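S.K.: If you want the building blocks of each chain, they are given just below.
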Amino acid sequence: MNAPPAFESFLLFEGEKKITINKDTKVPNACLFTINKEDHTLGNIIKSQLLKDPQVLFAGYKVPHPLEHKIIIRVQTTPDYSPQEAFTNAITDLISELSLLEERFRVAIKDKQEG
Amino acid sequence: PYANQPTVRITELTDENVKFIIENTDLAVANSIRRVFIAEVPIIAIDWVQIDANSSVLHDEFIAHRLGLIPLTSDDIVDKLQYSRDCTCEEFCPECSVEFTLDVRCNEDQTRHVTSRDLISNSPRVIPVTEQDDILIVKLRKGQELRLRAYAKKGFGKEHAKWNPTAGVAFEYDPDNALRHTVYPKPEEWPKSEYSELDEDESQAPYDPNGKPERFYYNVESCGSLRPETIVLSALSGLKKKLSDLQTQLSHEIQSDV
Amino acid sequence: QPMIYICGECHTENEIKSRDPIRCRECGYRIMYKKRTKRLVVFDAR
Amino acid sequence: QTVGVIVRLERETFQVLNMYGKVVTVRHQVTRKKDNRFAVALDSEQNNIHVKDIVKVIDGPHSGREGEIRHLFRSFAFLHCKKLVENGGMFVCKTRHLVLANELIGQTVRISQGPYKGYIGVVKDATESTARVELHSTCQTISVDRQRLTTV
Amino acid sequence: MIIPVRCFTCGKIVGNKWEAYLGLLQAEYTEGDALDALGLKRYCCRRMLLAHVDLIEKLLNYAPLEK
Ligand SMILES: [Zn+2]
Ligand SMILES: [Zn+2]
Ligand SMILES: [Zn+2]
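Residue numbers (the numbering used here), protein chains in the order written: chain V, 1 to 115; chain A, 1001 to 1258; chain R, 2001 to 2046; chain G, 3001 to 3152; chain C, 4001 to 4067.
No lab work stands behind these hints, which were simulated from the structure alone. Hints may contain errors.
Derived pair list, reagent style DSBU-like, types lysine-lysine, alpha-carbon separation capped at 30 angstroms [what the hints assert, rightly or not]: (1) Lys37(V) / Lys1240(A); (2) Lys3033(G) / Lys3022(G); (3) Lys1186(A) / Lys4041(C); (4) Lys4067(C) / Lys1192(A); (5) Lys70(V) / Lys26(V); (6) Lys1240(A) / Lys23(V); (7) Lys1242(A) / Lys17(V); (8) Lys52(V) / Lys26(V); (9) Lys1080(A) / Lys1158(A); (10) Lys3033(G) / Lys3056(G); (11) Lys70(V) / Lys52(V); (12) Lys112(V) / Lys1019(A); (13) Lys4041(C) / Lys1019(A); (14) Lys1192(A) / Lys18(V); (15) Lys1241(A) / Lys110(V).
Some chain C residues flagged as far from chain R (calculated, every beta-carbon gap over 12 angstroms) [stated by the list, open to error]: (16) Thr4009; (17) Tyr4043; (18) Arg4046; (19) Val4053; (20) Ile4056; (21) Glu4057; (22) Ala4063.
Computed footprint of chain V on chain A, listed as stretches where at least three residues anywhere in the stretch have a Cβ under 8 angstroms from a Cβ of chain V [claimed, not checked]: (23) 1125-1134; (24) 1212-1222.
Where a beta carbon is used, it is the ideal one built from N, C-alpha and C, also for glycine.
Next comes chain V alone, as it looks inside the complex:
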């Protein structure tokens, strides 16, 4: 009846931005990144990578509601260093270690299947 269709977890629509940047006004150098149609399987890795910068003062994410598919990643970085730069470095660092991990997994398969 009121069952949301199964493609509401990941498909966007016309007039939905995937990412929305809203500059926080409470503290200096902080942004809320609203990711639409994602879940913990993106924001948890981004949160853990943003905790590895020595220049991020706050790195968190929450879902507002588990029935509505969006997360908010709040980033507060050190001044002189934009939080958008920390975010676009976190994504590149994840792509770096995942491509390295995929190549090492390939090499481990070639080791295992060929003795």
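Please arrange chains A, R, G and C with the ligands on chain V, whose structure you already have, making use of the hints.
M.R.: Using the frame of chain V, we list chains A, R, G and C with the ligands on its own:
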């Protein structure tokens, strides 16, 4: 300020499962690779069932349900198929779907088992996985029949659980809880893990405050729809693709702000 | 224009008319079962 | 082809005044037409007029009288006047001689574009733009564009 | 009624196990021996056959209404 270098050590590789150890990565990376095993790996599963005729004791939606959950051999086709809703075809084509046909009438006094073998593909690579016996779809009395045409399409585990390639993804870090994330009331009663390395005198490892979760032990058992290593390769490729599309939208939004 | 009904206990099929008393021809069994429709059905396998 | 307006209630007949101005005597078993109380008409001076409007007749056979609009036609208007004792006050003039003082319904369709692509349903409601489709598979009726539908 | 195709928790394909499970019961094994002879290690996959009732064999006794 950068990503640590993970490493993989595979303990076994069977046609059912793969058991491996990922060292020198964070916890959230490891949990996400588990969650992308469960959800974000795309396989091929039946999603469009047209019942031409049915006389069986099971009703139509029960048979279409049971045809949903049958695993299909999608080891190399699912990288070639487009998602059905993304294709520019006239609503079905061999680039986003695999046709199956079932046509069974029972003309004998024995109970005839419509199994997974009676699903006949037009694509010779995408066939049902069933040494092992076939997957029982419906039994038939004499006189009953069922004819149907079923299109299978690419999808992943968030959409529906019939696109889930994994039977089971066991995942554990720190099997003697030196980290003390879990706090046992009486650790003598607790059985040791498979990956424990303490002697039987000792219950759990001594606490270290400076430690962090590393050396994540995985046991990925496939259901048969994929080989258990191409689940892991497809998962890593899908997670890197999700992150890359998030970065592209991020670049668009930053260029929109400036 | 005639509707085909399945003859209950007999399991055979027969025509029927408007304003026709409902009877089988084999044994006059009173319960008819209407045949499955000819238009298409399509199920999402979810 | 021609409407009428009852001007006298009798025992077995009605006295009915049509758009032609011809008082006729017809049986009880004429049909009741749905009246358009929001219908628009134009006078001789291109001003918008409606029902219950006091209009002067400047041309035609009734030129000089002034009556209230009670019913409307494509090109005719019926005028009531309590001073005029004929026909209960009713007459008719042409409106240009006055001055103010779906197919897709119930058709098995197949969504051929979008997120619901490949679903068979039956169109419940339909517009120029969108159409509501009773889906055969789910327990839910959803609306899609007509450009996304393809009939069987 | 009929055997589920997947174990509800895991998704392990258990629908192909039922007739072989009946064969291993009638070949004088215990139920616990028959389950891990079919290779069901997790107990959530063991309840799927251990507590199935094959009710469709009762439903096939009745003559089919349509013919
Ligand atoms: Zn296509
Ligand atoms: Zn008969
Ligand atoms: Zn299970």
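S.K.: Hints the structure violates: just list their numbers, smallest first.
M.R.: 4, 14, 22, 23 and 24
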